[PDB]
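Take a look at this single chain, the form solved without its partner chain, given in structure tokens.
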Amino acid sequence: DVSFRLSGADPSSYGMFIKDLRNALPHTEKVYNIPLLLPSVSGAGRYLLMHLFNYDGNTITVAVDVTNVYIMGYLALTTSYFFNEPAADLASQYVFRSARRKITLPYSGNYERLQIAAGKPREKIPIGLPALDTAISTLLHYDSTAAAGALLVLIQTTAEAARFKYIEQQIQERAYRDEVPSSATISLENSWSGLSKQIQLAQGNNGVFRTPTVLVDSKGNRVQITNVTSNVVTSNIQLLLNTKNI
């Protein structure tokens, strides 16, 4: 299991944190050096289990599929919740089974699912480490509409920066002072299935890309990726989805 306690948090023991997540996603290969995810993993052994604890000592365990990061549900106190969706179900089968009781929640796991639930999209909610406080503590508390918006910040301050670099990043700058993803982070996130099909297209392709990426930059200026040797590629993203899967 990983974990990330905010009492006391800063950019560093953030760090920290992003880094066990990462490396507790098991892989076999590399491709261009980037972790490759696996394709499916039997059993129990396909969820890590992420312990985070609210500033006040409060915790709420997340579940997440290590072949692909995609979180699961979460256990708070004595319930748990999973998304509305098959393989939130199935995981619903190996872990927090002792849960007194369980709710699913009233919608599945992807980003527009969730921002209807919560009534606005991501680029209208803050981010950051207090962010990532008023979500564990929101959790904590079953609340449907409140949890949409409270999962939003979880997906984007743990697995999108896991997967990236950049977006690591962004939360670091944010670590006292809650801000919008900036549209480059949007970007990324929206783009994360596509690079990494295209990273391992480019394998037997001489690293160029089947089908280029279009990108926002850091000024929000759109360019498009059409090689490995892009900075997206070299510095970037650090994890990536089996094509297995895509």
Second form
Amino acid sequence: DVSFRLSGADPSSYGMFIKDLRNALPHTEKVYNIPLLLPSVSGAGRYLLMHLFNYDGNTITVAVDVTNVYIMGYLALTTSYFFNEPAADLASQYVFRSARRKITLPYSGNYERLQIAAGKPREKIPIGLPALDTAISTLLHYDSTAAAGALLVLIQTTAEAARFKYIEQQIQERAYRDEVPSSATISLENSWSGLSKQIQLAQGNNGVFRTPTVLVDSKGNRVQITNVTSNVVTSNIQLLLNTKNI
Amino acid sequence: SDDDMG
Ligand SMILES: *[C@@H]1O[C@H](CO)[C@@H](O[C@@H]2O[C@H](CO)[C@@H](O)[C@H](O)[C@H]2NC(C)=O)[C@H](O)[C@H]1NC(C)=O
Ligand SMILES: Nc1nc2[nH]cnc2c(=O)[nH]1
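Next block, the form deposited with its partner chain bound, ref. the form solved without its partner chain:
After this comes the whole thing, all chains and molecules, with the earlier chain placed first.
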């Protein structure tokens, strides 16, 4: 398991949590020095449990698929909650079984569905450590509309930060003040599967992407990523989604 | 690799 406590949290303790999260994800292989997530894991071992504590010390446990870093559901006291999707239903077979009741959320866990349920795109939802505190608090008691927004914050401050060093740094900057994600942040989130694929295809193509990936940079300018010498690849991306799962 | 805000 991994844990993160918002009480006393700072850029350093948040960095440690993201480190812990990354290190909890198994890999047999590194590709261009980036850990390659596994094609599959059988049984309960597929799911990492993240214990998150709000400023007041109240807690939720979040179930994360270790092959793709996908949040499946969470436990809040004696109630489990799962996305309305086959992968999450499968997860419910293995995690939080001892909950007194299981609620299926009235949406799947993808960004498009969550944004619809929340009534807001990510571009308009501030993120940061304070936002994460709010999200944990929201998830403690069932409210499907509020939960969609909370989940958008949760996903970006945990899984997306784990995937990209840039996103981790962005959350660190938002340790005491929330701010909407940068256009670069949104770009990276949207491109993880694409980037993972191209980095893997580059292995037998002399480090050249079979198809270039279009990204937005920190200055807000639209770059094109064509090979593994790119800063995205050498410094930013921290985990690779296995091409078997693309 | 880049950084701040947005
Ligand atoms: C591999 O990627 C680098 C970019 O990371 C490419 O070099 C850049 O692209 C053009 C010049 O061709 C300029 O706009 C950039 O300033 C270049 N940057 C650097 C640091 O060289 C390079 O052309 C790519 N190589 C291949 C084989 O696709
Ligand atoms: N549950 C979940 N949904 C997502 N939608 C986009 N990224 C993610 C993620 O990491 N987890």
